[PDB]
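Shown next as structure tokens: one chain only, the form deposited in one PDB entry.
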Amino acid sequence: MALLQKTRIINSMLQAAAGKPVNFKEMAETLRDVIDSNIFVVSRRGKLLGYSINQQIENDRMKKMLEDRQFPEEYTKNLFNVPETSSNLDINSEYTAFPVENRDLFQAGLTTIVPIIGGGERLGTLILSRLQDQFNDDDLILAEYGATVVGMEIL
């Protein structure tokens, strides 16, 4: 589908949701639907504000992070070192959203890191991951739209 269709999908969701008690789970599921990727909305200190999983993986440490709603400390800290969107980061990147013990299995795993920003403040990070299919401009548009509005709905 065309980009305008996908943006319309986010827009209808935003239009109906404003105002109800903010729903990051819903935003993550929407982005997952239009970007076709795993979605994690991660706070400054690693708290999962929302996520939506597009691939079930059999890694226990990963399943725990989602049950805990908490990403690792070091990994989460290091996300501040990416000041601007950085896309198509491969399995060997320190920023990969796939678990490192499974690099062999997820050799084609791609990660996109999107700073969530609001008031000149890095409020969090929106992480996108999936297998094999390179992220393109359209995915970035949708990703950044979502990160911007999440940055707003965080306030």
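Whichever C-alpha set is largest while still superposing within 1.5 Å between the two forms counts as the rigid core. Positions refer to the first chain, counted from 1. What changes on going to the form deposited in another entry:
- When the rigid core is held fixed, the Cα atom of residue 134 travels less than 2 angstroms between these two forms.
- In a rigid-core overlay of the protein, residue 59 has its C-alpha displaced by at least 2 Å between these two forms.
- The Cα position of residue 102 differs by 2 Å or more between these two forms after fitting on the rigid core.
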Second form
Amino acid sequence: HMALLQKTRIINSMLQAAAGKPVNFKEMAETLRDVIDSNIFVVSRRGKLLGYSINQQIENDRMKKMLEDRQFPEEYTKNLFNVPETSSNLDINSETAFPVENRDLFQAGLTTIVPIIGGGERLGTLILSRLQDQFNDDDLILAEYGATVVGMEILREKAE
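Given the form deposited in one PDB entry above, what does the protein look like in the form deposited in another entry?
Next comes a single chain, given without company.
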């Protein structure tokens, strides 16, 4: 599992290294983009865009609007909060607990939703998207490791 081991080391060094620099969500998004090989969006518990990075353009009006608003609409924020654990490979044909009216979030590509949890609290949501390649268990290991680090840093920014 050597590639996975190397990739966990890159994420893990985020937890263990330095601890000096201020929090930078765009930088974290970029790191996870390259390690996981996926679009990365970091959303707060209240639906605010904290940071993102894209390596594969996907046509999605709902995500585009979120980017423009730097915020999900209230209903979408609520339905993300209602995802209690990692939900992967969501698409147009998905089988999930988003109301049909809000499944335009999965218009195109494949989406994985990973709750960000820190200090026993829901701190936000890590959303990953790819044009065509499925997320496998290795991808989920890295996504969940990344989510935990982002949670760590959301707390730091709270206390900054």
